[PDB]
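Take a look at this single chain in structure tokens; it is the form solved without the named molecule.
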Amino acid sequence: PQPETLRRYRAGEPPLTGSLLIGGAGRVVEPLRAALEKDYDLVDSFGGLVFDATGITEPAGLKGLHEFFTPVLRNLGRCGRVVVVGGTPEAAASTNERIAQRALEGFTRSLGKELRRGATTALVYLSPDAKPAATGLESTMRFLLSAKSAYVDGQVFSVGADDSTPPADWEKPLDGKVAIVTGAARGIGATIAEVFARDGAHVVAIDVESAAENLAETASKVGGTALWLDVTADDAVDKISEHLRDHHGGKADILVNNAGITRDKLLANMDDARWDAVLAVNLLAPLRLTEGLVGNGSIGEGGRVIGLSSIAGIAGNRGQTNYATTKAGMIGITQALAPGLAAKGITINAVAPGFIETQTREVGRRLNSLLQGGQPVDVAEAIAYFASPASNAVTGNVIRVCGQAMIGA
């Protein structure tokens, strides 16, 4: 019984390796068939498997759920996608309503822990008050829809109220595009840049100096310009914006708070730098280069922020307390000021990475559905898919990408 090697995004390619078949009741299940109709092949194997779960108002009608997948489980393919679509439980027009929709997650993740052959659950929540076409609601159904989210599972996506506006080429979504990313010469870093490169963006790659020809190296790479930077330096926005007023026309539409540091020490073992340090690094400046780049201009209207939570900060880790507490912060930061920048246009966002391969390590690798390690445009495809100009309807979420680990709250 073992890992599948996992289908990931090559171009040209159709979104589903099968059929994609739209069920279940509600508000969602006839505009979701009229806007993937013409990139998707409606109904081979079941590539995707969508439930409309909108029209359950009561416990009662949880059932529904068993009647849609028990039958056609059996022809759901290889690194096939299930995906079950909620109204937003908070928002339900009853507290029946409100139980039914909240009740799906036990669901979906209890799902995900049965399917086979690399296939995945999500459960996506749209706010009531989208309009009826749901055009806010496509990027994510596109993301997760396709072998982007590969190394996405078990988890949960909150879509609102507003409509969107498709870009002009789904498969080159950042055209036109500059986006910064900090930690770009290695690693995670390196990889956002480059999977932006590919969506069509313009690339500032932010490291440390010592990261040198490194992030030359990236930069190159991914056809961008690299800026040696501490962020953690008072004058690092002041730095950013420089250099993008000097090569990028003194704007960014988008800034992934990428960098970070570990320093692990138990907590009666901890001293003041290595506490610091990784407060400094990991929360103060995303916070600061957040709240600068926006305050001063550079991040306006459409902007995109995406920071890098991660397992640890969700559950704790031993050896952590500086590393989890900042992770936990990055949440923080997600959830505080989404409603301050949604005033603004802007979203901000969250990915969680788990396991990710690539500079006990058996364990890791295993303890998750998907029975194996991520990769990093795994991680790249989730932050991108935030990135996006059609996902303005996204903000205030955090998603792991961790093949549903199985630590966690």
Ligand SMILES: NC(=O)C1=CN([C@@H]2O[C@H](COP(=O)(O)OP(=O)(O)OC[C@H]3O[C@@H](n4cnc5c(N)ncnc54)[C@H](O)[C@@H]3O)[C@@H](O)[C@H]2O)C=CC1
Contents of the next structure:
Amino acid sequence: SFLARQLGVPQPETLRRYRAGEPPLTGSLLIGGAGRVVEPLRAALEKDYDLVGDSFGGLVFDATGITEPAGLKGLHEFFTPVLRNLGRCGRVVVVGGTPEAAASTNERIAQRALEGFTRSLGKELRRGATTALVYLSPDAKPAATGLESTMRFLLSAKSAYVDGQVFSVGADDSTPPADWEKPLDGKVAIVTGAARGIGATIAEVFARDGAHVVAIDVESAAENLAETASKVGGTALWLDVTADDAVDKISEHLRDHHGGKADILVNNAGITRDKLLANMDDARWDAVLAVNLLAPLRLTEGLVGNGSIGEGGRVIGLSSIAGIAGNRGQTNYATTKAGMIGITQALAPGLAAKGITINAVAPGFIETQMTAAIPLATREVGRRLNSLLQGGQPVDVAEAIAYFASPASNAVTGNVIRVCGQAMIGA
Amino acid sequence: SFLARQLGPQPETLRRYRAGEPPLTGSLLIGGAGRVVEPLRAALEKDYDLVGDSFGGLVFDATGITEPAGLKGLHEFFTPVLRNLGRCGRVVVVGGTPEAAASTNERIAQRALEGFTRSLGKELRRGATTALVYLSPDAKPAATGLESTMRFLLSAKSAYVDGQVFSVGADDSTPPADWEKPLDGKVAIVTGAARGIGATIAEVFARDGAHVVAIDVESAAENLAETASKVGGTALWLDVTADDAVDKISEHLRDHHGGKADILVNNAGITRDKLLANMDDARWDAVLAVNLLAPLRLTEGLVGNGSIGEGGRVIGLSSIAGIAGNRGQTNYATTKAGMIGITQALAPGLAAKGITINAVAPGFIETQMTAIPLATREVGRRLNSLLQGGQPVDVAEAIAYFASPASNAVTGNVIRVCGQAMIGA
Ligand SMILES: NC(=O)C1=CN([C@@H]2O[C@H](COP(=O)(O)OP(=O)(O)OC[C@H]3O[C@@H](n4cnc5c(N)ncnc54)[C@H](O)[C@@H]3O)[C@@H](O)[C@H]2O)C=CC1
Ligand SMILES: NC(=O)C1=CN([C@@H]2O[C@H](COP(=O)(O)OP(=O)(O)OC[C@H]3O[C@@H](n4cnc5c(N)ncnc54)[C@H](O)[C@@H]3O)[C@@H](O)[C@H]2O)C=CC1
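Given the form solved without the named molecule above, I would also like to look at the protein as it appears in the form solved in complex with the named molecule.
After this comes the whole thing, all chains and molecules, with the earlier chain placed first.
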């Protein structure tokens, strides 16, 4: 951070990321509050975590108890004595009940207001710690097994660059993978744009988690794509995702390798043809739409519709901060990454009726060749303009993706998560 | 100094409202295809120069786009005409409510428009702004419920609202007698009105016809009177957090306005900033009671006893902090998020009653609170598409829009007044 003096800004924390074997948090886990979530959670987490009743690894506050605004007082009461003591890369997570689904307008106003609290707290925490807010459906059984994959993601190192965000967990029950640390056992994952960078790193994480990977990219990038299929011990496939036959070409490679079925499609492939709209041509527009919006929509509709992905399936789409906030010279790109959010939202119910979830991740600043292509100052500032005071890592994106792919993340659909370090930019 | 030079700024002097001035600086071009282009042309022919110099406004009807492949319309309409848009120009994309589209394809496409409008907002020059308005696919072709929004957007009043998203329902609208005197013969309770913003809301309201009831605490008795006199409404000393609060206003509505008011503005607000690990009960509880508990207690009270009824208008003051959060403000942002909470939550109940409740989240506004160090002041000021802080009028203008009698199909809305501030969620 070579402009720490120029911007009045702290040296970054080295963010603890996932390592197999290591405990998930670096301290004890406090689970406070009141409502329908504290008891069952204390219960589901007994074994794998380190429950009170030194340094706090995690702090979970149960807000579902809070039925009027006068009760918000709780957040204060619970958090004020314990922040003094949160560890390196701590994890604060507040849990509430889906505000639209509340039993009174009064309840709704308090549960809604939670985000103000969490997004603000995210701005006060030190040494790499983060905040998250999760809403659970008031029609979830009290065991609340549907909430588990999410708590486990946040209450760990994998969520290392996921800060200040809001999770939205449905009503369905969930079933834990035999092994949480190999959650993707014998799953077939399709990952587009997997030659290098974020796509490639998705494949890795997927493989690490148990999946067999179909690495898709174009002929231009074989060698780099070969090196990837190899490393995850999966299978390469040369394909332009915008071409008539693409759906046919994936289905068949599946038929020849995986019994014609898949569990996970990751729409990662993408291009950028930046230019101001006053200077934008038809070609710089169209190309970006084809790859970035038209294709992922086609592959989802294609592969679900032809039965390649069925029950228990998972689609994760690659969005962007640009699609939420906008960006100079990216009206194409940001239409497409906003459309991606639209695919996620538009298809969630339909796919829900088919036992399939669909979610998007919207990366912020990630070290890739592409951030590396930006004038160093503009680049250095961008990298540093977040609560976590640093650029994100391609692993951090893939993690959030892998959390969506989880067989126990079945109750989580239509969600949009930024992997952004709590970047300041937003809508 | 060096960083500033490195990065590359020319804030335009923003045109504001002036009685008499035309509402644009140039002619209005209405393009695109769909159920909005023909009616909008016809509604606006009188007061605007439609295309048979440079463009004062551009409006692209996007309701016509039903699949992603047709997004290309945006590019075909805007690219050619962009280079010709004037100082403080205006760009507005009208679309179909995504959640209510007739296919998932449409939904994808109409949802996609926000990425476009927010980015375009970031490329416009010379103080010009972009806006996205979605209209219920259930509105009648006449589209009468849309006008108030279009007329506010396509005017100088909306000078500091940039890059936003407006949500118009199905209901029909009757226009006021005088578009320049919209609030004529309306009674408006404006809390926190002694100084700054609240005091300016009261002005803009007078300008617009309203009989204002300027409200405040006793300690600010002096400044209230000045305000009350300036606008030609009457004053009321009361602390909004008093258990008698509702009853006192109600009493006053009898004494003066037939036990009746049409608009409520929950402007009164306070701060008490503290890192949460130093937060004491006073600082938590004070703000909470003033910023969240109070506003609700007034709204629910004044609709409950019938003081505000059919045709009513509650407008609450959120904040950027409530959307994006902010260091030292867990208490404060909890409240302003709760204000959105009040707005989203009370909207269907009030809809059924003939009342619209909406919210406004100011960005950075030149005021007496903003007492902030020149290091933080200079950055929050300039970190938005428009390269400056906003004037209080900019905020009150937006409130005045909601408050229109013609804004009956506008409810549940949270509109930031931030000249597209960079910070958000
Ligand atoms: N910092 C970043 O790099 C960020 C990236 N984005 C998005 O994340 C995703 C991955 O990021 P990057 O690694 O930078 O993506 P990228 O632009 O480097 O491309 C990903 C891969 O897609 C492949 N590709 C392009 N067109 C294809 C096609 N028609 N068929 C098959 N493959 C094709 C390319 O060969 C490339 O290897 C992209 O959607 C990108 O837009 C999102 C946020 C930030
Ligand atoms: N940049 C800005 O100015 C921003 C302002 N805010 C909001 O705008 C609103 C007012 O704006 P400002 O003029 O900057 O604040 P302010 O503090 O200058 O407004 C003062 C008014 O609040 C009144 N007040 C405080 N407690 C009261 C009570 N209990 N009962 C009756 N009146 C009471 C004071 O008497 C005074 O009339 C506040 O709600 C604030 O949260 C929103 C975004 C940022």
